[PDB]
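Participant: Turn these sequences into a full structure, and let the hints guide you.
There are 4 protein chains.
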Amino acid sequence: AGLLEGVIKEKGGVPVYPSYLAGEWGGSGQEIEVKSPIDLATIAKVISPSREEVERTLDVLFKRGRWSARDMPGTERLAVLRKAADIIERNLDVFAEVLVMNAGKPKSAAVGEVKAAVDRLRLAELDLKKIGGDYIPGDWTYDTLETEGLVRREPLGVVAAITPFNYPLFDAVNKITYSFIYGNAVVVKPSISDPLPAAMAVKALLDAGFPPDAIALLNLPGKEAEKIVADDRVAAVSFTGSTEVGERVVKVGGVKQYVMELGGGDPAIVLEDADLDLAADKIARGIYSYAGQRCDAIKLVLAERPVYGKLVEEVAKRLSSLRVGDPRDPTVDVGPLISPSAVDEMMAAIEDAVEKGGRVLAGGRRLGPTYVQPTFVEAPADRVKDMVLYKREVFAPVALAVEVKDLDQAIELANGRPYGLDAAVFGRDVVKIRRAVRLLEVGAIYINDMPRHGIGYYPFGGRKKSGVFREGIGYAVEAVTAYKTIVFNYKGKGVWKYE
Amino acid sequence: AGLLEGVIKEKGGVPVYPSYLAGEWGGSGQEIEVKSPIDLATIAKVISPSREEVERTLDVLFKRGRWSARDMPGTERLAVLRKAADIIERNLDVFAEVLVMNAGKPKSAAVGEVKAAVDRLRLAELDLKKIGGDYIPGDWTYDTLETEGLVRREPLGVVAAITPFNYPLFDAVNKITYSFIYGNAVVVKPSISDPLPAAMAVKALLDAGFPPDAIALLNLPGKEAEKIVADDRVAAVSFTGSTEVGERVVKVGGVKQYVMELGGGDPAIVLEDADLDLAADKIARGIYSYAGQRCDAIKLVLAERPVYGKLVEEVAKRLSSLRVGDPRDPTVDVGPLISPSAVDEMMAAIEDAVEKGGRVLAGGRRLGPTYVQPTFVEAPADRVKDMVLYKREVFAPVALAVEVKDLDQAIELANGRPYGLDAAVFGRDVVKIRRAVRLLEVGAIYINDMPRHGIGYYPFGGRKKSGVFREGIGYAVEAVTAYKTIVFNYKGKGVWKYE
Amino acid sequence: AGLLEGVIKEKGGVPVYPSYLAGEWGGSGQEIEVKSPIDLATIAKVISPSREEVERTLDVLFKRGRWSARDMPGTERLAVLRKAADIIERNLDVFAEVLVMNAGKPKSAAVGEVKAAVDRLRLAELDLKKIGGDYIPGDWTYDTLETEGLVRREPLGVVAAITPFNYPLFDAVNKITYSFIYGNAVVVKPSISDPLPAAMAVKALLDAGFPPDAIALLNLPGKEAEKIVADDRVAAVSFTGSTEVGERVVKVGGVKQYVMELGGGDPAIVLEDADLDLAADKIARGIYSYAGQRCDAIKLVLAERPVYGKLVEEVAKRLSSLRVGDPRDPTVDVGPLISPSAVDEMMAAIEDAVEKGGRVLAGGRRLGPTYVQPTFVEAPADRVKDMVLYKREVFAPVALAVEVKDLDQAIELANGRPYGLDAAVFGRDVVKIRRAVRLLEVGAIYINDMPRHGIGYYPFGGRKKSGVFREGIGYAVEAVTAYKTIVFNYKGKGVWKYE
Amino acid sequence: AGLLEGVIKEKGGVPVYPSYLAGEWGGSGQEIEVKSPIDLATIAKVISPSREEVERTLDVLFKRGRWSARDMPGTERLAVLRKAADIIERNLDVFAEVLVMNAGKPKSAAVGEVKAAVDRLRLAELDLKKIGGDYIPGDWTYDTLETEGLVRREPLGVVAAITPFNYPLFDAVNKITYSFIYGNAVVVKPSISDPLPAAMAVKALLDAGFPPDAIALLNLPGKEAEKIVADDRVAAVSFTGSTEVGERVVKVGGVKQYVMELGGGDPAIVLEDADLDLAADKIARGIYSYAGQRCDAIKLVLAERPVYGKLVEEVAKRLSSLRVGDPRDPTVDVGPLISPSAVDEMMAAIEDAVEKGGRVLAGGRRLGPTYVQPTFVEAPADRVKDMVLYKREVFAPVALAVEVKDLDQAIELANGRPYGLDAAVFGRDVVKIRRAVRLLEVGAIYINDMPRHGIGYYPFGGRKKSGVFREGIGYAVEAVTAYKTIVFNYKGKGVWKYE
Ligand SMILES: NC(=O)c1ccc[n+]([C@@H]2O[C@H](COP(=O)([O-])OP(=O)(O)OC[C@H]3O[C@@H](n4cnc5c(N)ncnc54)[C@H](OP(=O)(O)O)[C@@H]3O)[C@@H](O)[C@H]2O)c1
Ligand code: NA
Ligand code: NA
Ligand code: NA
Ligand code: NA
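Chains as they are written, first to last, in the deposited numbering: chain E, 3 to 501; chain Y, 3 to 501; chain S, 3 to 501; chain D, 3 to 501.
Just so you know, the hints here were simulated from the structure itself, not pulled from any lab data. Take these hints with a grain of salt, some might be off.
Put simply, identical chains are the same to the list, so a pair is met inside one copy or across any two.
Listed below are the simulated EDC-like cross-link pairs for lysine to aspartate or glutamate, each with C-alpha atoms no more than 16 Å apart in a straight line [as the list claims (entries may be wrong)]:
hint, residue 1, residue 2
1, 253, 234
2, 387, 279
3, 11, 33
4, 253, 228
5, 65, 233
6, 495, 279
7, 319, 283
8, 253, 226
9, 493, 277
10, 358, 384
11, 11, 233
12, 65, 443
13, 493, 283
14, 11, 26
15, 37, 249
16, 117, 99
17, 495, 277
18, 499, 78
19, 225, 410
20, 393, 353
21, 495, 410
Facilitator: What follows is the structure in structure tokens.
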């Protein structure tokens, strides 16, 4: 409908979304059902490409795509992205509706993602801040005298953008934007569970003038994508997902430029001098936002003895005063989780914590195949490390609360999980803050706020199991671009007179 | 002897070099013979560590190494490196002798490598040019108003430095320098065929004060190293080697920060307006230097019709007027190749070129198990692409000569090999040069000079099969360092008044 | 009319433009006539402010202006500039008409300036590339251990933008843009000879939402402006004008941040390997464009013996085939000069050159009080240096042609004038080009093109008598901004453990 | 003696130091007596150059100096500076003795300055961090398509370094270092009151190989220097001194690149959450160090009601427990002031403060023509602004103490003086600190430490009356260097295919 006018095929009741094969929308591979977490019903179908079509798509992106993307001057790429922003913006409601239906995202959360995608597109201009090379004079070494060097960046060619389910619209728009702004062609591979927003975005981009042979959207399920990652024409792979899949991706890909945003949870530390209202409010939000289905969600709260009581109490009040329902009621605070499987795991993890000495302070009640109350489990420092909610990432609205003696204990506990994406610290003392910033092994630390990557105005990425490299405005250039050095030799040519 | 005073064990005639286990020199694993390519004789032995020692070494580097390297202020790390430079410099002759004997490197070439290693150490100060973070103000987006960001770099922890045989001293010193200057611990794994210089370098570094638990040298053969690369305590892997091993390394390593210098040959392009004396001289040198056992060696020469004759003729004269012998005679220009196996391949490749229409213009005669004449094979443009000397990298003193109609043919031929390390272009016209610089898919282009990475004053690395990422003074920081973002929230705190 | 709706006062026949006093349009000082160079007729009048109003305007800009400009977040400043671009763009024809009438600018040249002003405003986003501070860690010196540093930029406060007559619209828009984008208030002082475009631009900016107390436009004549420059509330002075006035400005201003674009002519060098069609075409244009009333105009042509003949001949053909008339006929190539005084000087300078051995190769005929033929005077190298057309800048469509033996003579002659704004060099050889780039003492060198600052996509400014500092997208930040260093002390606070 | 072996002329009892005239030590102008503030005795004499010698020196620096400095590759300039560091270091005691005798500097303070000068010289390598140009691609604007830009820095030529009396050794070494490291020649003009250290430093530099025609040391008194500043061959003027002289310097110099470090005092703010021991200790030191003859000396202390009592009390104890004597006793804490005139002013200023409601809390007693007790005067907020000790900079060991209600009052008082060099803030709360950092109009803010420029590891400079631009490692490049832009035109040359 609308954007996907002549694209969506209305086959026997359910709308069928085809893959975009770098030139034409189509696909002759298996058809796959797409369901809503709101009622487990099949809301549409997607056509996956055949091995022959995947192969043909890659051949196109590699042979023509790289050149039409690279040979379109930046000023036009910028215009394409801005026009794509205009198109998505006027279709805001439709984009939002699909997010609410397909991802079970609360209405306002879905509207936020569309706006984030629109802004990312419009701010492509800011990505230019990291454009420009280095001039290296050669008279600072005898061996390089009368020599000179120029270093600049060049697009790698074809970038594979693999995307998660929790931000089906933004991640696709993001990776496409930074890959394309520098001159690359892109193969987008969305989560097969909610590939509709990506299809809509790509259509808006194509309508905006995005070189038709420089982009692709393949509805491939899981391991079917390995075919793309393992191919030599794919010079870079931008992957946002789970640690386990990310690992499999590199082992399949081999030598190549990578950006691995592998998430995991995020710990939050509250110091005795923190504004507890701000902290309680922000931590509660960081715990339940989009049913905790955020990589930058808060999964552990560590508070110093003196404020632990109030803090945990306040966060508990907030979490239980939440309304869990269908994402449509602008009254509902929390919608469903992407699958009943996800809820099972959350329940199991809560039982595990309880068995190991944990006590539920809020939530805990499952309300349906895909509905649960955001839960807050208190745990003694001496037992938390063996709890599943600690050792692992339970993608759900659930966090642990742990009392700590001082900053050092907070820090060692915060660093005790295998991940290191972000960390939040609420407090006022510059010294304690500086110490925490140095010792927290994470890609980013949020001072007096909950972790929120937003559109990447500030760069983010992981450490430890959370991955490698960063995404951000300007910073993502390092992942879809390679350096090119030009060394000029003027030895004895009389440019310099011994210097 | 000297540096390796109480380290080398004189066991029944041949000196035995032990591995350095992050604290003590030792090893209780198999012993391996080290031979000279000059006479196939066993000149020494190296003790490899046992699985238990490898494991224990990693535990040390990870638990104590990262902290003693990171907690040694930069000013002291700098002093350590400078003192290490002094030590190697006064032991220049001994270092050189081992290179000549162990790697078959011509005396002056071995002396050059020692001096390169000394300079790299002394210029660690220049690596600081890429130290410093970014301050990102937040009033350039409504969502980030009254917000602020700081981005800086942090050492990853433990870096594994895997090294090739052709620059056994420099590569080890290089990777150790840039890994350590930023606060990392290092596990060095030298080629098991010539691990002596690395052992000497590490000793000089340890003598200079390099934190004893922050460095390691393991004499592990090939696949025995996979154990190190696959370990989670190894946050980065700096690998310089063949495309094939590099690929295996990443597939074993998984998600991690990588620098892959995978070589391959380098094409050289001569334009009709080039200074043929300079070009002939530089190309000849780029072909035979260290028996072509240089990743940045010239493997293909492409000259435009009008100068092709003179050029090829002059380069042929130069190559055949070369003296091939024992690397010791300062009179010998070319020493042996690292193994008879290497010579076999060169011979096979020359026969292949000849069978496919190629003609030998210089050299071609094998002089012994590990000795050969640097060879120059002319080939018609219409047949060169299927020749082994073209499709592959024959690590030996051998290059192809191909006449071309114009710049575009030179460029497509130059880009026709699977590699893309460097490329040389000799000419004068800025337009033709600019075109070639844009279209040559290589990490670096050398204008009017032969490709020579030197000590990395200018950054270098590959494209296509030549690998990913770069090494260089200042630039290598990006491979052994990770970003850390600190976002400060002052919303409503009165720092700004709506701005 | 239109923009200046309720602003322009229709007093007895001629439209009267008032000054903008940081809040209200007005002025109670002397009225001054504004004439057209097309017919010496009074086309309007401007109201200059009284000493009391100047004083009051400064008090406003300083006390309220700095804060309303600084406290308007960048994202809004950007919106203001973009909206101002929209307003000027829809009023393109009116803006152009005033330029043609008030400055005698050829229709297409006037249209170009309006478009340049619109683009400058729209690209303010690119100025952000030089936004961001430096983080300086302190462990690289013993004295600074456990210490840390942050360096960033801060707006100076009130910037005085003084403008020339030859780009009455662009210079005003330019200085206002870069001054405002970083948070400064601005006092614009246009040339009293053509202050109408500035008034229109300021109105478009005010309509766009530019903080009303953060900007000012004072119609002050020459020395009347000294009052502004000498004031302590004016933290920076951005001056584009003649060397002589610039000098007086600093001597009146004292200690303050300055940008002095003082022009002078530009020499052009043609090498024997240059494309003479390109060179002839570009040099001819650089000589006559806007009647040579461009600071980056070509005033001297130096060609090597072998191409000198053709080149000079071709440029002569082009200059004489030019149509001189009223700037309105899109058929006229060259309009009038800003004043009859300017033509007198050009005539005197041509006679001087002739008396000193020069020969006219094209032009030379005066056609009216303010009309002349763009002139090309050939001069022997041994006599050119004493000619007025060489030693001085004759702001008119006139250049000298000098034959030279080689590059070195071209370079010494090019460096022989007292100025050093830009220089053009046409040729192909990288070596000769590199030499010329190193030895030409000018702010910018244009390779194979005529000097053209455009909107400052590339930064420009002078050397020698041409001034100091630079203007450009991103670069101008250095002139209206100051550094602020924050040094944090954590000595003995346990952030670091000796490091 | 020693360094000044054949330089110092022993004329009738007192050693006579000649000026260095860019090639030979000499001078045929008036002789001037140099006295010690320790006993008002004439300890030596300096020979000033004659107008003819000044003129000849400038001609040399301009015609040969710029080229021998610029044509000495950086690697050698670096060696010169390092060798100069070695020479000064072995002559440490002699250098220190002259400082103690000639400047009345306490033994340990004099030793610190020599060590600072040695380090500055040795760290010249760090100044390279800001070396390197920018490559600007042209496809981000239609007008600049197929165009390209390179921006780099170039030395200005001859830099005039004018120096104060309070750091006669360091300032001279500093300005010489950053001016020379980039390729400039230098004219040093030391304070005629203590020009001996400069002479010694220049000798050490000349001995180290500093191009003999690229440096000069002229013993000119005050206005005699104007001759240098006003000259066109002097492209930049690096001046550290009083606001009043700085102003005169620019008005005499005209258009030129400037760095004006004009000092003034520094306010210190203590927040209720500050570590009062640290603050008391650091503020006391910032007040008395070198008899307050430091531009970064603390002249005003502002403490919040709750800690004001303890703080002021503790600082008073510290100041009065100080030993005032001859700088030689390593037991003496405070030596004399440079002149009896300076003490008179301090006394007058203290009486003024007292008359206006101020009360002395420590010191106040003059002990001789050039000796005084470091004084601490308490003043009510409602009267301090009219006190001389507030409105002006009394170069002496004297500061005001003012109780304030909150941060905003502290900030407005701190910003109330006409200067804005540095500011210190002691406290712990990030919010209050961030606010103070934003609103303090000074070049640098020191958090939890006294203001101390040191060797400029962190850049510093003024705002308001404290001057313009910055000095620092890396940052000073902006003052003795100019940009050079090279724009290459490839329009229609086939480098790009519409991009
Ligand atoms: N791109 C550049 O900048 C650059 C620079 C220099 C050389 N090169 C290239 O690299 C090659 C260097 O010579 P080389 O013959 O020694 O090549 P190589 O065999 O690929 O060198 C491999 C290094 O990796 C180790 N290794 C082998 N198998 C491994 C495994 N499975 N897991 C982990 N590590 C393993 C090797 O140890 P063992 O000795 O025990 O096998 C050796 O230290 C040449 O092809 C050259 O073109 C590239
Ligand atoms: Na692969
Ligand atoms: Na792994
Ligand atoms: Na002034
Ligand atoms: Na002047």
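Participant: So, for every hint listed, does it hold in this structure?
Facilitator: Hint-by-hint comparison with the structure:
When the C-alpha separation of residue 253 and residue 234 is checked against a cutoff of 16 Å, the pair qualifies both within a copy, at 14 Å, and between copies, at 14 Å. For the identical chains of this complex, residue 387 and residue 279 are neighbours neither inside a copy (28 Å) nor across copies (40 Å), given an alpha-carbon limit of 16 Å. Taking the shortest Cα distances, residue 11 and residue 33 sit within 16 Å of each other inside one copy (12 Å), while across copies they are farther apart (69 Å). Both within a single protomer and between protomers do residue 253 and residue 228 lie at most 16 Å apart by alpha-carbon distance, with minima of 10 Å and 13 Å respectively.
Only within a single protomer do residue 65 and residue 233 lie at most 16 Å apart by alpha-carbon distance; the minimum there is 14 Å, versus 38 Å between protomers. When the C-alpha separation of residue 495 and residue 279 is checked against a cutoff of 16 Å, the pair qualifies only between copies, where the shortest distance is 14 Å, while the shortest distance within a copy is 70 Å. Taking the shortest Cα distances, residue 319 and residue 283 sit within 16 Å of each other inside one copy (10 Å), while across copies they are farther apart (47 Å). When the C-alpha separation of residue 253 and residue 226 is checked against a cutoff of 16 Å, the pair qualifies only within one copy, where the shortest distance is 15 Å, while the shortest distance between copies is 19 Å.
For the homomeric pair residue 493 and residue 277, the shortest alpha-carbon distance between copies (13 Å) is at most 16 Å, but the shortest distance inside one copy (65 Å) is not. For the homomeric pair residue 358 and residue 384, the shortest alpha-carbon distance inside one copy (10 Å) is at most 16 Å, but the shortest distance between copies (65 Å) is not. Taking identical chains as interchangeable, the C-alpha atoms of residue 11 and residue 233 are never at most 16 Å apart, the minima being 31 Å within one chain and 49 Å between chains. Only between protomers do residue 65 and residue 443 lie at most 16 Å apart by alpha-carbon distance; the minimum there is 14 Å, versus 42 Å within a single protomer.
In this assembly of identical chains, the alpha carbons of residue 493 and residue 283 lie at most 16 Å apart only when taken from different copies (14 Å versus 66 Å within one copy). Taking the closest pair of Cα atoms, residue 11 and residue 26 come within 16 Å of each other only inside a single copy of the chain (14 Å); across copies the shortest separation is 62 Å, beyond that limit. For the homomeric pair residue 37 and residue 249, neither the shortest alpha-carbon distance inside one copy (28 Å) nor that between copies (39 Å) is at most 16 Å. Only within a single protomer do residue 117 and residue 99 lie at most 16 Å apart by alpha-carbon distance; the minimum there is 13 Å, versus 42 Å between protomers.
Taking the shortest Cα distances, residue 495 and residue 277 sit within 16 Å of each other only across copies (11 Å), while inside one copy they are farther apart (67 Å). Within a single copy, residue 499 and residue 78 get their C-alpha atoms only as close as 44 Å, which misses the 16 Å cut-off; across copies the closest is 14 Å, which meets it. In this assembly of identical chains, the alpha carbons of residue 225 and residue 410 never lie at most 16 Å apart, being 42 Å within a copy and 41 Å across copies at closest. Taking the shortest alpha-carbon separations for residue 393 and residue 353, only the intra-copy value of 15 Å comes in at or below 16 Å, while the best inter-copy value is 60 Å.
In this assembly of identical chains, the alpha carbons of residue 495 and residue 410 lie at most 16 Å apart only when taken from different copies (14 Å versus 62 Å within one copy).
Going through the hint list in order, the structure does not satisfy hints 2, 11, 15 and 19.
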